[PDB]
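Trainee: Each chain is listed here by its residues.
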Amino acid sequence: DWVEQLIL
Amino acid sequence: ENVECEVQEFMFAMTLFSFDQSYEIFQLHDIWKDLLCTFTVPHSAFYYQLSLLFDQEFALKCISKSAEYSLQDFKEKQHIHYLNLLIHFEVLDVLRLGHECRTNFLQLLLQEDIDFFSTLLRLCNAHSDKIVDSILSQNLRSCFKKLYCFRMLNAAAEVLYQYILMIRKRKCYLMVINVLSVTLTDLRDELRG
Amino acid sequence: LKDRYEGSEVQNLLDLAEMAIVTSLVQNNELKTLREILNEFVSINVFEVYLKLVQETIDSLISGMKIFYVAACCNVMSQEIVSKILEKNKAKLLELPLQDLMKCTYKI
Amino acid sequence: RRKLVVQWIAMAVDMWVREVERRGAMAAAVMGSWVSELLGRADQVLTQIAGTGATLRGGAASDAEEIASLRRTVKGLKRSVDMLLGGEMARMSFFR
Amino acid sequence: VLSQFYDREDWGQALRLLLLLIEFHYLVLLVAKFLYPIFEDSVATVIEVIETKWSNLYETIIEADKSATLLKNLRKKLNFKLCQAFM
Numbered sequence: 001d002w003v004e005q006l007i008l
Numbered sequence: 009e010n011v012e013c014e015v016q017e018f019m020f021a022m023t024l025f026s027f028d029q030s031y032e033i034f035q036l037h038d039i040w041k042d043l044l045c046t047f048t049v050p051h052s053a054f055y056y057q058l059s060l061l062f063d064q065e066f067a068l069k070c071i072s073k074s075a076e077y078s079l080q081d082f083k084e085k086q087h088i089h090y091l092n093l094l095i096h097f098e099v100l101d102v103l104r105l106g107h108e109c110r111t112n113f114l115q116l117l118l119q120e121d122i123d124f125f126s127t128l129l130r131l132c133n134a135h136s137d138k139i140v141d142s143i144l145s146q147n148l149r150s151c152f153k154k155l156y157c158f159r160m161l162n163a164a165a166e167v168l169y170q171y172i173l174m175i176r177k178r179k180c181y182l183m184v185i186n187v188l189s190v191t192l193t194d195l196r197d198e199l200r201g
Numbered sequence: 202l203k204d205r206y207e208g209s210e211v212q213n214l215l216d217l218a219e220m221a222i223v224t225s226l227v228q229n230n231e232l233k234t235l236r237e238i239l240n241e242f243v244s245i246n247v248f249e250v251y252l253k254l255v256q257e258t259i260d261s262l263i264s265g266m267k268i269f270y271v272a273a274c275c276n277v278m279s280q281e282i283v284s285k286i287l288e289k290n291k292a293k294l295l296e297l298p299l300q301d302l303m304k305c306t307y308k309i
Numbered sequence: 310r311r312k313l314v315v316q317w318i319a320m321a322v323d324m325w326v327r328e329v330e331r332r333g334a335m336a337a338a339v340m341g342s343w344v345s346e347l348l349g350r351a352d353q354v355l356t357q358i359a360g361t362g363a364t365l366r367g368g369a370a371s372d373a374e375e376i377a378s379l380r381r382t383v384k385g386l387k388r389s390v391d392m393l394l395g396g397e398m399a400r401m402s403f404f405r
Numbered sequence: 406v407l408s409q410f411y412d413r414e415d416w417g418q419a420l421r422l423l424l425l426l427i428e429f430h431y432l433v434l435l436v437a438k439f440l441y442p443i444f445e446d447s448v449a450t451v452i453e454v455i456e457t458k459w460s461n462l463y464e465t466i467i468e469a470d471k472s473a474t475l476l477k478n479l480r481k482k483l484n485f486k487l488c489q490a491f492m
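Protein chains in written order, with the working numbering: chain A, 1 to 8; chain B, 9 to 201; chain C, 202 to 309; chain D, 310 to 405; chain E, 406 to 492.
Chain A extracted, bound-state conformation:
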């Protein structure tokens, strides 16, 4: 979740 929000 935290790494999906960083990629966005």
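Since the hints were derived computationally from the structure, they do not count as laboratory data. For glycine and all other residues, C-beta sits at the position ideal for the given N, C-alpha and C. Among these hints, one or two may not hold up.
Residues from chain B that keep clear of chain D, each with C-beta distances beyond 12 Å, as calculated [what the hints assert, rightly or not]:
{"hint": "1", "residue": "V11"}
{"hint": "2", "residue": "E12"}
{"hint": "3", "residue": "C13"}
{"hint": "4", "residue": "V15"}
{"hint": "5", "residue": "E17"}
{"hint": "6", "residue": "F20"}
{"hint": "7", "residue": "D28"}
{"hint": "8", "residue": "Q29"}
{"hint": "9", "residue": "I33"}
{"hint": "10", "residue": "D38"}
{"hint": "11", "residue": "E98"}
{"hint": "12", "residue": "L105"}
{"hint": "13", "residue": "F124"}
{"hint": "14", "residue": "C132"}
{"hint": "15", "residue": "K138"}
{"hint": "16", "residue": "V190"}
Using 30 Å as the maximum straight-line C-alpha spacing, the simulated DSS-like pairs for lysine-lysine come out as follows [what the hints assert, rightly or not]:
{"hint": "17", "chain 1": "C", "residue 1": "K267", "chain 2": "B", "residue 2": "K138"}
{"hint": "18", "chain 1": "C", "residue 1": "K304", "chain 2": "B", "residue 2": "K138"}
{"hint": "19", "chain 1": "B", "residue 1": "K177", "chain 2": "C", "residue 2": "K304"}
{"hint": "20", "chain 1": "B", "residue 1": "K153", "chain 2": "E", "residue 2": "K471"}
{"hint": "21", "chain 1": "B", "residue 1": "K73", "chain 2": "B", "residue 2": "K83"}
{"hint": "22", "chain 1": "C", "residue 1": "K233", "chain 2": "C", "residue 2": "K291"}
{"hint": "23", "chain 1": "E", "residue 1": "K481", "chain 2": "C", "residue 2": "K304"}
{"hint": "24", "chain 1": "B", "residue 1": "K177", "chain 2": "E", "residue 2": "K438"}
{"hint": "25", "chain 1": "D", "residue 1": "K312", "chain 2": "B", "residue 2": "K73"}
{"hint": "26", "chain 1": "B", "residue 1": "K138", "chain 2": "B", "residue 2": "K153"}
{"hint": "27", "chain 1": "C", "residue 1": "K293", "chain 2": "C", "residue 2": "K267"}
{"hint": "28", "chain 1": "C", "residue 1": "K253", "chain 2": "C", "residue 2": "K233"}
{"hint": "29", "chain 1": "C", "residue 1": "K308", "chain 2": "C", "residue 2": "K253"}
{"hint": "30", "chain 1": "C", "residue 1": "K308", "chain 2": "C", "residue 2": "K289"}
{"hint": "31", "chain 1": "C", "residue 1": "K308", "chain 2": "E", "residue 2": "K477"}
{"hint": "32", "chain 1": "E", "residue 1": "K477", "chain 2": "C", "residue 2": "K304"}
{"hint": "33", "chain 1": "B", "residue 1": "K138", "chain 2": "C", "residue 2": "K291"}
{"hint": "34", "chain 1": "E", "residue 1": "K481", "chain 2": "B", "residue 2": "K138"}
{"hint": "35", "chain 1": "C", "residue 1": "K308", "chain 2": "C", "residue 2": "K233"}
We have chain A already, so just place chains B, C, D and E on it with the hints.
Mentor: Same frame as chain A, but now just chains B, C, D and E:
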């Protein structure tokens, strides 16, 4: 050990060869057809013959030692042998610089060389940081290709990349721009178009 | 004029000349150009041409000055370097010497 | 005759490199260090074969330049593979 | 930062940093500094994008880090390219 105790020495050598003891005795001092040829020649010949006969450790060692002690036909042969033995077991760069200081021969040798060869070349370039350079460029010109070319030339890189281009596009344009840092403007415009 | 605007040489033979030489940057054409120049008789370019057909230091300085006076100049410089390399194939040589940077480094 | 085995490896890795380069251009619109090590050993085998060939009984071997050529090809492939492994493979979809 | 404190992990962190920089001058400088300190295809692509993307506060930050910047960055990029070529 018995019946032998100059001639007896050579006898001991050839007998102990048919390996450490043999080589040692031989060096310290100074199949039948080959032996006769060697006798007629009379170190280089002896080592060559031994290497041929064991063609292994003994052979390779003797050959290397003789080649070292010596340093067109003989030279080329010795070099080829050494390189092959080393690649089977640095050597490349050494031999190259040596011969530079028979061009088609070298072209064939490098032909055989072509991953290990590439690594060696990279090492040589790092160390550095005419004929040899041209030969290398030609062999490379004969992704992978572009990369090798670029690495070696370090204009040739840029030219090769442009030719290949005439994801991939972006990467190329980018690499070109970084290397250059007119051309940049053109590349940018093309990427934007 | 119609040629400069659409992007000739015989007409010119009959600054701008330097730009034409720039565009040109074969041996026979060079010789013909040289003959035309002789008939007409910039100086630096002439010295360079004379060297190519073939004091050397003076020609070199002239060419460097011309280069300073962009792509064509660099090309000419590279050509001169190649020619010097061909001629070489000690102190005088060092005096004459005194991607291009990479080449110079390899030379040193 | 391991000369011939090295030639097969050279040809296989070459096609592999071409495939990776093609697949990179494809996606704009695995290889490990073991392949690099393998080409180094291959260069050593060729250095060993050439040396043995120079000291054969009856006269030197005729394949001297043939092996020198293979050495160059192998080095070229190790160079390409080393560049891909070193980062050029993660930057294949990028403009140069 | 956690990943940094903890080779592949380091690469992943560097990639994340490049991605963040793309999404966003000071940040870019910090990233360049980190890359220099560290000193494949994906990495090269990122470096390239950064070069393409490339005031007083930024200069001050650069000075603090050293304790010219563009040149150092170009040098680092060249080094990275060389490394990729060797690989």
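Trainee: Which numbered hints turn out to be false for this structure?
Mentor: 11, 13, 14, 20, 22, 35
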